[PDB]
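Here we start with a single chain on its own, the form solved without the named molecule, put down as structure tokens.
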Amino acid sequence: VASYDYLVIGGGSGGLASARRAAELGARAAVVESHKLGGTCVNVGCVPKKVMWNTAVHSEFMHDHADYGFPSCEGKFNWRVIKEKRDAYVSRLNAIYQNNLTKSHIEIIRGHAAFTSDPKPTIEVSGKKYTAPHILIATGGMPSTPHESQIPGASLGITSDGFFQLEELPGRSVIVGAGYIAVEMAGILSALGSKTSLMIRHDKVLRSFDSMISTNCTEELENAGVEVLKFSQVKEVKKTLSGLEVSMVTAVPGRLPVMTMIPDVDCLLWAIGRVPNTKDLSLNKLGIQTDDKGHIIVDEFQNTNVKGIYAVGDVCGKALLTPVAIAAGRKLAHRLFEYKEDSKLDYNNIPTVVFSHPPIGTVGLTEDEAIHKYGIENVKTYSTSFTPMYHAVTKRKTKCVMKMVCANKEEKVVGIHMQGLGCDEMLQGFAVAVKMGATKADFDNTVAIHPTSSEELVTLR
């Protein structure tokens, strides 16, 4: 039984960040990883997604070329070219991560970990045993897929994982789900030329975002050529002579249900949710608590219910973002190895960017959330809607919407929501301001930067 100061199960963002900070603090750490280092962010998430986004963004700007005084750009996007370059880049990252571990003197244990029956928390990887007074579970999650029992032929569809394996641009694609990943994939496939439908169970996407965003985002998708199938769901999928045929039920409220066949579908993409990767960990051998989806339950300090066992990142099922897993992993290393007992991640005011077209940036409370927290009488919002100056000369148009949610007399800024060109790079600093507890006067007292879209936020009235 090899003993370490810190054993980290999962070599993704949370696991790596935590292991690296712990090593800086003197800890003797090892990381167990059964697949590729970098985990979701590098391999099938953040990185490859952003590259595909930058590519879709090229496609849209090329629509405006002639408007800008250039000669029309003629054609066919070549999927394999960018795919090959994207894979390469991912390979460059994997090698860098490996090198980061080595320079930090972190041991990499390759294989699939599982807890043992052993009294003192001990894991087994490939027949060998490992132990530590502090063990971090950071095994992330996976895409959720429907059961053949509920939706026959569901297994003919792919997930976001499968999207990163595609070698050609699917001719006809149907995306099922209304969350960010659904929205992002539909946007990329559509911009790149796939005839795309997005199938959602209600009337809008991103229903958990501020209502100005879910509304605007649904509209922008339609404006961009994405067919949004509202109140629809898949009843069954079948392999036809040439593609898939999707049977769906559309049940608009106040209407009779109608069944529709979607034929000649090349790509059926399920973007319905993520499941935690805890199933094969043998958690029960230690009686580690999970919820009924398989998520590991932790406290504010990432503790599980068992002493010396912690969990961070997607496995915990809260705020499923790469920077969150990193920050929580880091704070945990300081608490464990630097004895900072108050060391923990504040889960409020975490900013998010959704890489739609145009991108979405959000931080803090939606209007309804502030209304429930402070009372209608105590919530004041300011918002603007305009066409960015970039489109002053284009036939194609997109809008920019911004909303600021203030609370109490002081008008504390408790939420910022926006969609528009440049919103992906604009959010960070306002997120800093919101974290510091800025009020509307703080924004109003900052001189604007002209001409930009960002200046709208400091001149709201």
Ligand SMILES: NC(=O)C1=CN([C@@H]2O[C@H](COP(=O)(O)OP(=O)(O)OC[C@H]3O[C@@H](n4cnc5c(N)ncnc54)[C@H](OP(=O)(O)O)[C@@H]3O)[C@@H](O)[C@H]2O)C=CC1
Contents of the next structure:
2 protein chains.
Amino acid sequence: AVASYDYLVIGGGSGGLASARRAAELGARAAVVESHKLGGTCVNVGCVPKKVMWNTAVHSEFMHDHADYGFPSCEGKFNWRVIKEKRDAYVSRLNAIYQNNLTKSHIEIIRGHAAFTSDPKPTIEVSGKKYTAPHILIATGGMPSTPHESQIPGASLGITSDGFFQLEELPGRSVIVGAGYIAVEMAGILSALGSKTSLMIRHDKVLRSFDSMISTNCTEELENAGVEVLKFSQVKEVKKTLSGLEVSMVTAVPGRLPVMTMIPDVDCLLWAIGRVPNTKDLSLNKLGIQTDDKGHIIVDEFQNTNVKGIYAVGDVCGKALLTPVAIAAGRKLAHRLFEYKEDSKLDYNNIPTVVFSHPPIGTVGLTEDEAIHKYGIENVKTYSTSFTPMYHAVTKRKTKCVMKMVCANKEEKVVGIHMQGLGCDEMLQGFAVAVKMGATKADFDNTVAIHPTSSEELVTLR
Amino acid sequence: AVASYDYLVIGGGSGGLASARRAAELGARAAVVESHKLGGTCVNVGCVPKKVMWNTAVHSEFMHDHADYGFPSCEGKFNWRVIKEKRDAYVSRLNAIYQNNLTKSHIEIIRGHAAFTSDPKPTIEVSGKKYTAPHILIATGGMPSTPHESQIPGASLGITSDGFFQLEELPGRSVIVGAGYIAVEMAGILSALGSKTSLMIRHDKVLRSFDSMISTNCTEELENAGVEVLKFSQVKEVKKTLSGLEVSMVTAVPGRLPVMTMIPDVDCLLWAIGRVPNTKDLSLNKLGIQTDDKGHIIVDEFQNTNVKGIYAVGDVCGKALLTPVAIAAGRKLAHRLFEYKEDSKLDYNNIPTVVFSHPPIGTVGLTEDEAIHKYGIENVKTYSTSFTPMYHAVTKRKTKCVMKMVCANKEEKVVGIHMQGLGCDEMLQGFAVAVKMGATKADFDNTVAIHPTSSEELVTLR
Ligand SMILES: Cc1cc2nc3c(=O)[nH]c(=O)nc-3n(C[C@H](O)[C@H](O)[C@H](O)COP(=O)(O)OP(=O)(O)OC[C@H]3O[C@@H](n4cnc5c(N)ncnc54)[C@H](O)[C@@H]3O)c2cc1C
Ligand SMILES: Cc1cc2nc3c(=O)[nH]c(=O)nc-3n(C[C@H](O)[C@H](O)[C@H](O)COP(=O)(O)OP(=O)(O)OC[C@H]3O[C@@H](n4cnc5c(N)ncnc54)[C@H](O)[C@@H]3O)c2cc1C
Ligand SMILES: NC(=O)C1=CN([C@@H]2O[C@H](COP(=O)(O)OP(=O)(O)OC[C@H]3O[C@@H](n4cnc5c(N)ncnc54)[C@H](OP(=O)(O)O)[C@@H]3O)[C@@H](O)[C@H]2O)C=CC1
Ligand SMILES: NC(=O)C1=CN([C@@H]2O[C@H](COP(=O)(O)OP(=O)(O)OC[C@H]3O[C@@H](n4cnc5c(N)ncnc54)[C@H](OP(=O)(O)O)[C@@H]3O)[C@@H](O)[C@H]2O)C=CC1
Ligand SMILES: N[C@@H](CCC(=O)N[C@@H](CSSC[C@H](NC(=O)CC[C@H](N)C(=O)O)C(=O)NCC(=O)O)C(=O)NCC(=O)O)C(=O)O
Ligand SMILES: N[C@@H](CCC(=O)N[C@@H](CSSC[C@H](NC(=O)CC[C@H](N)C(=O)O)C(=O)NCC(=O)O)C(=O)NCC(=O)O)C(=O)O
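Take the protein just shown as the form solved without the named molecule and give its structure as the form deposited with the named molecule bound.
Below is the whole assembly, all chains and molecules, this chain first.
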């Protein structure tokens, strides 16, 4: 027998939870299928525990400036286990909250792994029971990528971000491989907390898809903070030794000859090279649901799959892999399906991002190079500044703040904002609202500054 | 003999410096008269040294959460002199920078006290030499208010914010009198750094001209932080004792009888009750320049005095006593006079403010009560939230974040934003740009959130 619902959601992470809760508000009879822990990647092995560890890493820098600010320094060591336990308890509190959010909304929780059946009417099976609905959302997320053994023998001796959140002790020596925001964030946390840390990157700079100013500055701040950035470098092999792992690296700097280097006595090797969508065991083939070669579910601008009555949102689609994007796409879909708003969809332009580096990065809109491509070089003007935040006026340790505003056409429409510096994590949201509204530079310059702040520098560029 | 300029600016603080520099960019032959230190109140006894001391007071709270974040605590004491010396050096660096800014712009620096003469053509005298121009800006600022002895015998035993910045040691016991942002800020700094601190206020709450939510929350956070808030209380007399000062207080709570209390062994009594404009010795009468009963120079919307060719900006006019306001009004005036832009003026609506409390406050636009008065009760809707920032998910000490959005008319135009919480100091500027642009709630809700942050809560209110 087959139980019918108005809305069946596969995955109880950011996007699935948000979509199911909004549908239920509109009257849908909904169910969420979850094989592991409610809250998905964000709550369990993502945004939330990452941010707790970032706040911890900030405590390591307050510690270094304490004498400069008039206090006698602290001179004793970090205890990873203390914060690990507290972090785990917070995750458990959130798991209980999201279970209650579904129950309070009268959303059924189906525990187990869903896969599609070959029934012509779209139907899933979970633990040998069948469920159907006229609307089925796939919101199954992704997972970390690890190299194949055939490519990098010994790769399985490394961990990913998932294993990072299982660590019970600070690794003495860490090597992080990759050059995106997860690699950056994990390297910065491990180094701030006292691991002897290297970040191994294929080119000269991290965050190369970000504005060139951010890519440069982020790389410089990593080095200034004590992270060893191993440029033009790749792992060839990993071996277990008596003292941890030995990582065999090849370095090939332009203008130089390639060189092989062994990195001995590594405690933690962390692969932060990408994410793979979680679709292998969904039986998508049984209904002919379209994927790319990497397993991402293909969707249109309304989150429709190629099969009527089946949708997908969030990381499983491979576009803009952020919690607020999954949530917004999920809610817009709920209003389309259950409020009959045919034009309800997410705009994927001007989505803001923060990277929790040291100091944090904020960006929204087009890089300078993207703007030149779209508008023409003669129709783009940039304004920028670099300064030392007043926090550091009295400290021996320094960080900088860099900001870039990208403007298009005669009116100087603000089409991109890019920055790194103290406070940039909390500064960006409001500027993103202004950019989404089509703010011009005149709109920024007509807004009176707030002094003394870093944020005022964005409204006083000349 | 009389030297002539295009532009004569009386006072080398925020507004005078900004106005003179912009005029000189437009070709004006300008001079700045300064009797004390370039940079005025902001650089020397205001924004800048206040902010250094606020950053210091934040170091006192990182210290209290260090064990919770896995570090062994710091257990030794603050040394006021360390940071005082560093703070003074930074002020000296800024004095040298602003002198150079004028010199590099070919702006003459006239050192001494200016007063108007009785010459029918507006002319000032400084150290017995006369100067004239077709455009004279009065930008002389203000000074702290202290009670008259006739009113409060012994009031002169107290200090003001000026004396705060001369303190060479942390006072053991401090009593701050007043209920505005300076009183709040000074009480919070002194208490965080270890002074046994009381804040004496005439009514039940601080910041009563701010939105009611902020007034309430700020008072609660002061008390939670250990500041003793002495409500419905006023100073009657101050006496020198063997052990500091004795403050005689009268307390008169509604519903209760008045009571007199002596507060013994006070080391620092700080008056933070208002500001008086710096106009007493300008000889304004010699030209009939109009003032109010408190000595403020009266101006129109274009900063004109009642006398042709004479202007005033900044604190001397008594309206919106902030550094960015003096600067913006000064620059808009320079473009009016020297770029002939007859409509160039400052809009005094939607000026954003931050109060450096613990945690900081940010506000822009109308309070809920101001919006109801302007638009009608049936045409105002508020949205609000209160939460604990994720920073405190793992700490025993707590602070809250409260946010209020005030919306007008069917379209829900955002006419006010009010908040207190970690990060609110850097969060506000961008939201102020959106409000100045006429953002609606739909504009906020159409902007994708940044997670995990406090700032995302302002774009996800329901
Ligand atoms: C280390 C790290 C840090 C990050 N930091 C941030 C950050 O600061 N900010 C930000 O915005 N984003 C961040 N992200 C990204 C964010 O976590 C993801 O974009 C977001 O979780 C994706 O949500 P989702 O709904 O697509 O998938 P997920 O949250 O991954 O949820 C998918 C759910 O589906 C369940 N599932 C899968 N297959 C099945 C099946 N067949 N049957 C039943 N259940 C199934 C899974 O168990 C899971 O709970 C971070 C991610 C990582 C890994
Ligand atoms: C404790 C405190 C904290 C503050 N915190 C902030 C803050 O965080 N943010 C913010 O925006 N604002 C803050 N302010 C307010 C800010 O300092 C003032 O709004 C701003 O300095 C006013 O600028 P102004 O140009 O009007 O006057 P001022 O900067 O006061 O400059 C006037 C100048 O005129 C000179 N002068 C006066 N009379 C004469 C004369 N006849 N001849 C020659 N020279 C003369 C004075 O010596 C002085 O240098 C703070 C103020 C105080 C007191
Ligand atoms: N400007 C913006 O607004 C941007 C926002 N983002 C946001 O961040 C999300 C995640 O992006 P991002 O952090 O770039 O993600 P990635 O998962 O793509 O980052 C991993 C990076 O590591 C490198 N890498 C890939 N494979 C290997 C390998 N086999 N060995 C070593 N290194 C490898 C690549 O960088 P390299 O080529 O340098 O080696 C790659 O970009 C996006 O989906 C988007 O939401 C991302 C980019 C820009
Ligand atoms: N909502 C907004 O946007 C607001 C912004 N601001 C900004 O802040 C600037 C400064 O304002 P604010 O901090 O209010 O300034 P004030 O200098 O006016 O604050 C001093 C306060 O102390 C109290 N006080 C006055 N005289 C006495 C006395 N004799 N004894 C004891 N207490 C006394 C009063 O409060 P009480 O009546 O409670 O006793 C008074 O408001 C403004 O010019 C503006 O730029 C100010 C208000 C609102
Ligand atoms: N704001 C950042 C950076 C620190 C910073 O601002 N430091 C400068 C001194 S600030 S105090 C004097 C005041 N300046 C302002 O209010 C900023 C004006 C803004 N730049 C603008 O263009 O509107 C003032 O009196 N200005 C009058 C004038 O600008 O003419 C500074 O000088 N830095 C230079 C240095 O080398 O230190 C933060 O707070 O971190
Ligand atoms: N953001 C502040 C406050 C801390 C906070 O957000 N805590 C909550 C858990 S966040 S992780 C799960 C994620 N939630 C979000 O991305 C926020 C969505 C936002 N509220 C919105 O409405 O868009 C998610 O999976 N959400 C899916 C869903 O919302 O359905 C939390 O639960 N707090 C409650 C508590 O009692 O702790 C900060 O970062 O400080």
